[PDB]
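Take a look at this one chain, the form solved without the named molecule, written out in structure tokens.
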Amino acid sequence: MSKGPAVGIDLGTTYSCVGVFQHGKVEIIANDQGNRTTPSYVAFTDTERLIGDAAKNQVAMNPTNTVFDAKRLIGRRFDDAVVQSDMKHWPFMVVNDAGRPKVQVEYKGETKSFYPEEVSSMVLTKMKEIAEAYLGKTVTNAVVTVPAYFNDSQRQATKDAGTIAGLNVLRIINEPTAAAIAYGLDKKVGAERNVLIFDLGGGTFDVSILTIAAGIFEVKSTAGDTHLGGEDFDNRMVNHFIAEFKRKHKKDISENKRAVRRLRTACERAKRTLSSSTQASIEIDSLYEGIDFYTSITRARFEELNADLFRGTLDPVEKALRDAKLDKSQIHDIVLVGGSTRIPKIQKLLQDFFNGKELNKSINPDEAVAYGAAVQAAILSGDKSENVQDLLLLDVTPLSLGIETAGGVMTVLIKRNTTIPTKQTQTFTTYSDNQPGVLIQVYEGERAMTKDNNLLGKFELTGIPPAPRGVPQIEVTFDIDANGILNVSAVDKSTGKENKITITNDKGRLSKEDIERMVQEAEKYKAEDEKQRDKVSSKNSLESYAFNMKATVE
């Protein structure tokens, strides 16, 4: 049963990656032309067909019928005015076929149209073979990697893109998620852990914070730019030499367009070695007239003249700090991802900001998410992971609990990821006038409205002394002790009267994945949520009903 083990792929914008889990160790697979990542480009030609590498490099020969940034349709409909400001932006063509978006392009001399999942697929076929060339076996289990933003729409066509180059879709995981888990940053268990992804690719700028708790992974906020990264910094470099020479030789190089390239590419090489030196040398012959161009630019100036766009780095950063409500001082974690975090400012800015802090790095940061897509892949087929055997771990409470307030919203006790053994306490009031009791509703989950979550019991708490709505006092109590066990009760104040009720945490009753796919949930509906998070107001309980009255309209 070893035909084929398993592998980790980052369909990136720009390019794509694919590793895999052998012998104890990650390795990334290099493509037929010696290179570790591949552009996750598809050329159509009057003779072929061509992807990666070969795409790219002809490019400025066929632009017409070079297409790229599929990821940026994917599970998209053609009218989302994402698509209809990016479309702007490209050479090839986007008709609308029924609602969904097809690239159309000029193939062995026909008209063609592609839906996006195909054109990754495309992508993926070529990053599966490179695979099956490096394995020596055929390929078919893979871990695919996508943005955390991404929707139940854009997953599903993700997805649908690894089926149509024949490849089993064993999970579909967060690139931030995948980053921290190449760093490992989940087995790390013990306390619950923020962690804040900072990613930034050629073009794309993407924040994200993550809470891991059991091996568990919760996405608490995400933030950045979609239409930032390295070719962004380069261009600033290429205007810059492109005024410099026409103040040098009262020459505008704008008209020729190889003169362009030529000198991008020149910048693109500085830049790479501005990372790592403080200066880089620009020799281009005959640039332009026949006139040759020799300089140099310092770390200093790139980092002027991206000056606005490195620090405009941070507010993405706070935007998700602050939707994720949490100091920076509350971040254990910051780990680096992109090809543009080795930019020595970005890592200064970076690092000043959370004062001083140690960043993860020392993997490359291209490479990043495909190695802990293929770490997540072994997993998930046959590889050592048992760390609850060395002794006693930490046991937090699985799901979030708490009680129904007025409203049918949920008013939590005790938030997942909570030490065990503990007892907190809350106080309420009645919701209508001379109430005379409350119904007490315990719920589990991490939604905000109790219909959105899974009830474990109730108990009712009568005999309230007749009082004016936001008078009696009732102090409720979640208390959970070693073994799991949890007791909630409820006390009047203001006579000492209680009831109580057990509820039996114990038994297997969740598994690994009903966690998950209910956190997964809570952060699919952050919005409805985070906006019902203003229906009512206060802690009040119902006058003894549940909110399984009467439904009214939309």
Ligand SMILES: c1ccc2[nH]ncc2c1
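Basically, rigid core = biggest C-alpha set you can superpose within 1.5 Å across the two forms. Numbering follows the first chain given and starts at 1. First, how it differs from the form deposited with the named molecule bound.
Shown in the overlay between these two forms, fitted on the rigid core, is a CA shift at residue 543 of 2 Å or greater.
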Contents of the next structure:
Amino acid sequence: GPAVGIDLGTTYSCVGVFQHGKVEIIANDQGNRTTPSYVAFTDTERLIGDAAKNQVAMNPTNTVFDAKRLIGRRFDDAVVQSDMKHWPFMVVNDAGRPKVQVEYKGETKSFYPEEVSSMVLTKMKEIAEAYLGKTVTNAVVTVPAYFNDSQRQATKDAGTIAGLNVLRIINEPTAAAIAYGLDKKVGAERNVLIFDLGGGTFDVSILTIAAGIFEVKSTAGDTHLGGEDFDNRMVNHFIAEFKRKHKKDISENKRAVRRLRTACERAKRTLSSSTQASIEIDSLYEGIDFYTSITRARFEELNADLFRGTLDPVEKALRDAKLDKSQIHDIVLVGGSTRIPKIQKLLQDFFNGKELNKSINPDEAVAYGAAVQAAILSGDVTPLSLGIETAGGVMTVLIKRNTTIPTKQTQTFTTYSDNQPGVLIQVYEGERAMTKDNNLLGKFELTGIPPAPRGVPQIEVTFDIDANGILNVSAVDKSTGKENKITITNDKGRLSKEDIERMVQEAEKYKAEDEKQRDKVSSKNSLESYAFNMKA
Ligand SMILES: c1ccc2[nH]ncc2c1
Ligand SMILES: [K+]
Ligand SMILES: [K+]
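If the one shown is the form solved without the named molecule, what is the structure of the form deposited with the named molecule bound?
And the full complex, kicking off with our chain again.
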């Protein structure tokens, strides 16, 4: 059977399959193309998805949601402690690990976060088996790009507990970019911005894509921004309008607030396609009908700070990627809140009128991409940065990865110590800040340097890659013309695509440590006479 793509989301999940040249997003038993990531425990039974979310107001302490915010984390994590305060269900500490604790069939029960997510995955797996008429065992599951190794491993465990063989865990922004065919471009590298406003979180990611390989350059966002915050601004507006018109505060009455909030969500969706929405609630409070309206402009005004606030993580991400906004080749809109026209207009104005990729249903695009990647797994540029070791074992890059071949790059270096008789040129490949974490390709010495104080002798190092892919590295003492050279072969099958992806992933994992190492370094043009990695 074909492998499925599963967007395991904070508030909802979505499953899709690539069949007959086309992705189909699979509707569940209620006919819905997404399924809430909720699990409810009752005296009679366990409910998953739509049934769970429907009865939440009736059974809030035994209805679990937001398990993705706990997955992979320790109880003591500051995120977990802050998030606990807002949840009606109990989270307890079992040997350093959080568990949700609920009453089920009269018995107190506790579940790890991955157990809860595995129940969501079982429901997704069942939804797909009903659609396909056959068992589903293979799946691609997505996670946020900022998930660390423990969160990724805990997501795979949930898939295993559910009986899925997880082919690969891939990042949500990568899924989205695959959905839009940005990997199939086959040309010079492209910078892609993924703008993901939905499922209770706001994530901005910048990716580079070249030769079928994705690298996450930077991520920013807000973990507690979503559509409910926009709806809440409307709710408080209408509570105030009711208090002003009828001198009554409906905040006392839980159901009244619930009815208003439901009306406000509906109006928000209307305002994405019309310039005004009608609110009609019979007997909202003390028998008073609440018939009114709201314009798109008022809704935008009510949310002005939240809407304009989404550009601050965009600016942050661009800074961390060391990119200007003009250097972004592709903008991709993911998440249900990106249907809001003011959001789209703010983003487009920020990018000087650049057209946005948004034709794929923004609620489904991540599942769309996972489904395509699952199908692939079922069935000329430099791959890695090139440089030499400078003083202290620092990787100093002469040719960034994704550089077009042929190419020639030269840089000038000096000596680290006084009267240094020679320098050791050590060629490395990789994306880490220290040579010890990259791959040594070759080394040669340039000796005969005339005695001089530190920093005086000038050594020019040249990296040349011809059309055949052979790398020639040479060094010249600029005071004498004496030189030395090494040739480095690039046979087919030296690096597999998997080897490249591994190197890229390690770079994304240690991006924090390495970027602070690049701030920490003082001189990146000094060369020593010994290999730093062989020094005791
Ligand atoms: C040797 C090692 C790495 C390389 N990258 N591109 C050409 C090449 C040659
Ligand atoms: K996901
Ligand atoms: K999001």
